[PDB]
Amino acid sequence: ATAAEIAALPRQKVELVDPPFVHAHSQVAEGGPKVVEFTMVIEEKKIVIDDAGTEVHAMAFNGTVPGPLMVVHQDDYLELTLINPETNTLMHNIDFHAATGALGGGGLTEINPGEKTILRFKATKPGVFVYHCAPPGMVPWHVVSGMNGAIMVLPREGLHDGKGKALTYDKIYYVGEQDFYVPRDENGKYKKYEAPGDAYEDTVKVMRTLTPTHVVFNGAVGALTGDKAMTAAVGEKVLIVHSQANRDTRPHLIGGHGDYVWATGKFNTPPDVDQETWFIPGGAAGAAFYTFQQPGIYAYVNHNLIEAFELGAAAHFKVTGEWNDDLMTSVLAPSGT
Amino acid sequence: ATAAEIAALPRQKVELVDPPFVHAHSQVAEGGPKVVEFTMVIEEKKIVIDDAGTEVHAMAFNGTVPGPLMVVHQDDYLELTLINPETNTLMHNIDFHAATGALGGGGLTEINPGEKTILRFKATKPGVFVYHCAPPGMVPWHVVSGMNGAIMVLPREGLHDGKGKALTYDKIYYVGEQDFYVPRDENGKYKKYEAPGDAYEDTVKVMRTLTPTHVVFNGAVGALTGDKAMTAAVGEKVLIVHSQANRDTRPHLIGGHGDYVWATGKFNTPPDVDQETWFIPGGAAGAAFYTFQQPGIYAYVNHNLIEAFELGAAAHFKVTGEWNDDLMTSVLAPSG
Amino acid sequence: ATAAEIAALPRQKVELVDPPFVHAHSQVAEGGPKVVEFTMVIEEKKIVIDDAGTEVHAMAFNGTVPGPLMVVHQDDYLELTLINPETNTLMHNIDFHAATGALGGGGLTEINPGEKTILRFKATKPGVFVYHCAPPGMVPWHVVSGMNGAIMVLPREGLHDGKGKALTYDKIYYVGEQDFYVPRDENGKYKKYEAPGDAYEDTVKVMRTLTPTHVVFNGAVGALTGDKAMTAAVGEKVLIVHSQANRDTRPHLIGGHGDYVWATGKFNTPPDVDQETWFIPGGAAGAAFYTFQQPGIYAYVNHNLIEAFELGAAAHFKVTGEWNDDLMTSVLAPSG
Ligand SMILES: O=N[O-]
Ligand SMILES: O=N[O-]
Ligand SMILES: O=N[O-]
Ligand SMILES: [Cu+2]
Ligand SMILES: [Cu+2]
Ligand SMILES: [Cu+2]
Ligand SMILES: [Cu+2]
Ligand SMILES: [Cu+2]
Ligand SMILES: [Cu+2]
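Chains as they are written, first to last, in the entry's author numbering: chain B, 4 to 340; chain A, 4 to 339; chain C, 4 to 339.
Only chain B is shown next, with the shape it has when bound in the complex:
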């Protein structure tokens, strides 16, 4: 409860890491409640989102789309220092869906260029939750320009299945999915602009059609493919956290499953099990736990397969280990009749 009991608590300062990785943390909390401190700087910057060179003026927490994942435990305090550099042109703020009051923090964190603010909130509910910018009057425009991310509030006793058995992951990846709305010219070619403000009117027109031009993971088409594929091994337990701040998605691991899936993202609601394809509504984050049982390349997609393979929403996993013929085998390889 009290203002002094809080200044009494230990403080841990965390250095953030760029998605899809997640900063070091412990699944089971060591000791009691803490004040966990994070800093993010906002950057307005041009990013290229496909191999054709399509540009968007992104508005990026910590310079990445999505913003990085913050991890705390239930009843810790999260204290954010948020900095809007004077090289930026717009006001920004932050709404944590994990927080209670003042529009998730948004009403207390409106910062013009050259301003900074420090917000603290108590993480009362365990789960993964979206955060995003929401300035009055231009809420969707900052969100669909990339200004969103997620946090994970772990139970103090770590994750468990619906029946109290402990679930401990070997590694965690954070996939942020972003719908972008890029205006086109009369030839069907994407338009380029000087500053974020100049793109505004044309972009609202595309937003009103409710049809994105690109739906991407980690800020671009093919961002998490090739040398940037996520990795695991046979027998490894992986937690994949996925967020979408504006639009629904339906994740699926091609060649795998979600063994336990908190599709709602909230760890006091028991997980669905054995899932093929799960559903995360726009404005939420979800998490899926899987133990890999076969080696090779997997794709991780939004299973509207037009959004995956035409609009960009596909990533890869490269998994090392030995093949299990009991689980699957080619009895007759492709061969002439």
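One thing to keep in mind: the hints can contain errors.
To be verified - One-sided and incomplete, this derived list gives chain B residues near chain A with beta-carbon spacing under 7 angstroms:
1. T103
2. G107
3. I114
4. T234
5. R250
Stated by the list, open to error - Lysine-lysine pairs mimicking BS3-like chemistry, simulated, CA-CA at most 25 angstroms apart:
6. B:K192 - C:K208
7. A:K194 - B:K208
8. C:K208 - B:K208
9. A:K49 - A:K119
10. A:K208 - C:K194
11. C:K195 - A:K208
12. A:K166 - C:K168
13. B:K48 - B:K195
14. B:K208 - A:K192
15. C:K166 - A:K168
16. A:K166 - C:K166
17. C:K208 - B:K195
18. C:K194 - B:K194
19. B:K168 - B:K240
20. B:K168 - A:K166
21. B:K168 - C:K208
22. A:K166 - B:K166
If you're looking for bench data, these hints aren't it; they were derived computationally from the structure.
Note that the Cβ used here is the ideal one computed from N, Cα and C, for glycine as well.
Given the coordinates of chain B, assemble chains A and C with the ligands onto it according to the supplied hints.
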């Protein structure tokens, strides 16, 4: 129950109230099963849905979009008197998703202007449920002209959580979300018409694109804001009923949560807890229970934020009470 | 188990039947795990999908859209022989969402015209699951040309509710829902093409709008209406399996409910109960169990009612039996 057994049950006549409020009712049922009687009159009327003076020909149960919320308990009988006055132009009917048989009542309730009908059904399943008009051959046009609402069938023992603990609300509000499809002319200006039937063909062309021109709560952009903001106080338990008869939605209370959410709307399915944003498919109602912990303005939105802030799907709650600094505080206010 | 153990299991050859019917099977497994063998031939062929003569070049497992339902039990092996005749023009393969490894089998089953392959996988998780074609670089085009179906892996002890009570169905139907994307010329008329390849660029342009031109059950508008309505009787318990390989759907039985709904399709996740409309994400299958209480015609729809009644997503059930006036009755029939 035999027809005799039904005839000896007490009857109770209910007066409906306009959304987002709900008629008086008790959470735990007082006594045994009843026949609960309601009457609705259908009104075809022009509504203006945004601040640019855009019009829809609404087809409104009891004259509101959405129609009003009706509340019974499990195993009561709902008896509806439905009237289509002679001032209307179209046939109408009603399909209750809570009812069993005859297309939810649609096949027994077809009434032309100048006609009335009385339908009775047993509310066998507890939950919130959509109702809507559905005349053969013109089903989606009546629904997306606002002819839909919801009913709530409470368990006889009131609401409970996953583990049988009782959940009693202080306040209930009913938010009906409506997708509208208004035709535009050559210069992108919304068209006006002089009778509902004149708008039919142009409207169908817009509907087949699957993209609404407006998505609103309580029948208009800004309906539940400012002045018509829903109110509560810190510490009050509030049940928010939300329906969408045609298209998906994903409600979210900005600055709060759904502490218990029956996202499917059905009270025998245990609620999800601690939700940030929940999902109601088109054709269903859902309900979220929350205890307010901070004062101030909250927005309640469909969290496709283009639908909320560009197309109209946003409401406000104004909440009185004292600020809790343990839950949230400004450590350093915006500064140089 | 050992290698000699696997090699020694009994084999059972099953003859498939076209949707919405399902091959004979037992709910409770008889005896121990088996290797269940199925054969499907792929057919590329023009089909007419609406009453205006609109044609699509379908890519059809076993000649139907959707492909047929295959039923095995948990820890059986499914062994599929897949044949791509030399009269087709494209390479195809198959991804089973129920399988583990090699992109669901897609990496091991790429067959050119004139080739066959045999894949075996162990069905380790119980549920209904989508299967579909997925050739690298052309995945959505084969899926939205109809090249998808579902399998059901039953628990060895048959279905049960959340409380472990047995659920035994009398009839099972499979409804496959398909989104099609058919190009139009500048006059608004649907285009026709000589070969499947000729339609590819124009179809991808429509696909990128994310808006189907048609959403159908069993491969055409009205395929499951009229004399092809699905049938049941009052008191029969029906399982309805529904799949959508690419796009979300929200099924609803108009006049009925889903008494138990595995909306995720996975039988180790307890079913939701008393559902009015449930929600199946694109890329999944779901299953709903209902006991019919009232006779008459029911419609079974995607409850975006524009998709149901303008774009094709509506089926009928015809149910025989005696009317139950306790559940529903017309107290006063429509009158002046
Ligand atoms: O199984 N992914 O299409
Ligand atoms: O948290 N509202 O976007
Ligand atoms: O109740 N079906 O619209
Ligand atoms: Cu911003
Ligand atoms: Cu939000
Ligand atoms: Cu009507
Ligand atoms: Cu309906
Ligand atoms: Cu194919
Ligand atoms: Cu798939």
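Item to complete: For the pair we were handed, A:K166 and C:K166, check the Cα-Cα distance against 25 angstroms.
Response: holds (14 angstroms)
Fill in: Hint consistency between A:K194 and B:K208 [alpha-carbon to alpha-carbon, up to 25 angstroms]
holds (19 angstroms)
Practice prompt. Would you check the hint for A:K49 and A:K119, treating anything up to 25 angstroms between C-alpha atoms as holding?
Written response: OK: A:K49 and A:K119 at ~23 angstroms, within 25 angstroms.
Worksheet entry | Hint check: 7 angstroms Cβ-Cβ cutoff, B:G107 to chain A | Given a least distance of 5 angstroms, the restraint on B:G107 holds.
Worksheet entry | Restraint satisfaction for B:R250 [CB to CB of chain A, less than 7 angstroms] | The hint holds - B:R250 has a Cβ within 7 angstroms of chain A, the shortest such distance being about 6 angstroms.
Practice prompt. Starting from A:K166, check that the Cα of B:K166 is at most 25 angstroms away, please.
Written response: Satisfied, since the Cα-Cα distance of roughly 14 angstroms is no more than 25 angstroms.
Item to complete: Take a quick look at whether C:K208 and B:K208 sit within 25 angstroms of each other, Cα to Cα.
Response: holds (20 angstroms)
Worksheet item: Does C:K195 pair with A:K208 here, judged by a C-alpha cut-off of 25 angstroms?
Response: holds (23 angstroms)
Worksheet entry | Restraint satisfaction for B:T234 [CB to CB of chain A, less than 7 angstroms] | violated (30 angstroms)
Worksheet item: Is B:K48 close enough to B:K195, meaning Cα to Cα at most 25 angstroms?
Response: Roughly 13 angstroms separates the two Cα atoms, so the pair holds.
Practice prompt. Compare the distance between the alpha carbons of C:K166 and A:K168 with 25 angstroms, and conclude whether the hinted pair is satisfied.
Written response: Holds - the C-alpha atoms of A:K168 and C:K166 are around 19 angstroms apart, at most 25 angstroms.
Discussion item. Next item in the hint list is B:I114. Is there a CB on chain A closer than 7 angstroms to its CB?
Written reply: Hint holds; B:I114 Cβ to chain A Cβ min 5 angstroms, cut 7 angstroms.
Violation of the numbered hints given earlier is confined to hints 4, 18 and 21; the remaining hints are satisfied by the structure.
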